[PDB]
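**Student:** The chain contents come next:
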Amino acid sequence: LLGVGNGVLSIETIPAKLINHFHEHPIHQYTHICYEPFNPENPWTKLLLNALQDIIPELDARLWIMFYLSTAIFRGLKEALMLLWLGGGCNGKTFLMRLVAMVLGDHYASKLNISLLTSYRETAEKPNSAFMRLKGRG
Amino acid sequence: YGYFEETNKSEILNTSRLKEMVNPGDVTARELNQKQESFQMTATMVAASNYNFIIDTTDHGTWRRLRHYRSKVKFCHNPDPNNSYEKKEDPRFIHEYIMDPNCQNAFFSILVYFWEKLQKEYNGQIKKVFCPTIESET
DNA sequence: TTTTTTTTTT
Ligand SMILES: Nc1ncnc2c1ncn2[C@@H]1O[C@H](COP(=O)(O)OP(=O)(O)NP(=O)(O)O)[C@@H](O)[C@H]1O
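Residue numbers (the authors' numbering), protein chains in the order written: chain B, 550 to 687; chain C, 688 to 825.
Don't take every hint at face value.
[Claimed, not checked] With beta-carbon atoms standing in for the labels, derived distance ranges:
#1 B/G687 - C/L719: 29 to 35 Å
#2 B/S678 - C/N765: 54 to 60 Å
#3 B/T667 - C/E776: 46 to 52 Å
Please keep in mind that the hints were generated in silico from the structure rather than gathered at the bench. For every residue, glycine included, the Cβ atom is placed at its ideal position computed from N, Cα and C.
Given these sequences and hints, build the entire structure.
**Tutor:** Here's what the structure looks like:
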């Protein structure tokens with residue numbers, strides 16, 4: 550169950566359903582994005598699809614990247630995978646990565662500090678709010 | 688707006704912080720007795736020094752962000768008439784003409800006029816400004 | 001309030 554701007558989105562069964570009516574699901578966190586059914590004829594959808602095609606040339610690579618990023622919607626246990634993306638610079642890396650976090654909102658997505666991944670763990674017990682950002686986020 | 692001064696001899700420029708402070712994207716930090724939070728990075732950066740920074744990287748992601756300019760004129764006492772790039776200094780400029788409200792608001796008006804000029808000439812894109820000197824020096 | 005954090009130490 551995923552909270553959206555115009556109700557709550559249920560992805561338990563395909564196709565996904567939007568709950569615009571009264572319900573008793575205990576849901577508090579949400580994103581400001583208003584969910585709409587996928588439509589390839591929407592001008593913004595066309596623009597985004599063309600941008601995705603431009604950023605990632607290979608078809609198989611594009612499909613795998615879109616499949617991996619789509620798992621961000623689900624907030625439960627998932628495959629032990631991480632994606633490492635290398636680029637010379639000014640090649641659209643941060644555009645797509647930040648757009649995913651923008652559309653998920655702060656309650657479900659967050660930028661993480663690089664020192665959280667390439668530095669030694671703090672000695673014994675010390676408070677670590679950077680690691681605490683990982684709670685409840687997809 | 689944010690500016691840096693007080694640079695030591697031959698300091699090494701941390702390019703990891705460079706990619707993080709000049710970037711149209713979110714950044715993550717923490718204040719005393721406060722939790723983690725993220726905010727958009729929106730500051731114009733200027734650095735002043737008497738020594739060249741040491742840059743130890745050559746990736747396009749770094750050098751696409753940097754611009755370098757060298758000062759030609761010098762302000763002192765008894766300027767050499769044979770040096771066009773040497774001038775008589777006026778202490779008031781820093782002792783008085785930086786604290787007077789009138790010159791401050793005149794400079795603010797100049798900045799607003801130049802912003803309007805940039806908007807109406809290049810659609811707000813600073814990259815489109817033609818300047819051989821900055822490009823050559825960089 | 002009061003404590004923990006920060007500070008301080010590693
Ligand atoms: N599909 C696209 N078509 C055209 N321009 C694009 C497209 N996607 C992104 N850009 C632009 O390309 C530039 C680079 O985007 P950005 O995501 O910030 O770079 P990056 O690959 O993360 N680079 P860097 O962080 O500097 O190593 C920006 O000016 C974007 O607006």
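**Student:** Find the hints from earlier in the document that the structure breaks and name them by number, from lowest to highest.
**Tutor:** Violated: none.
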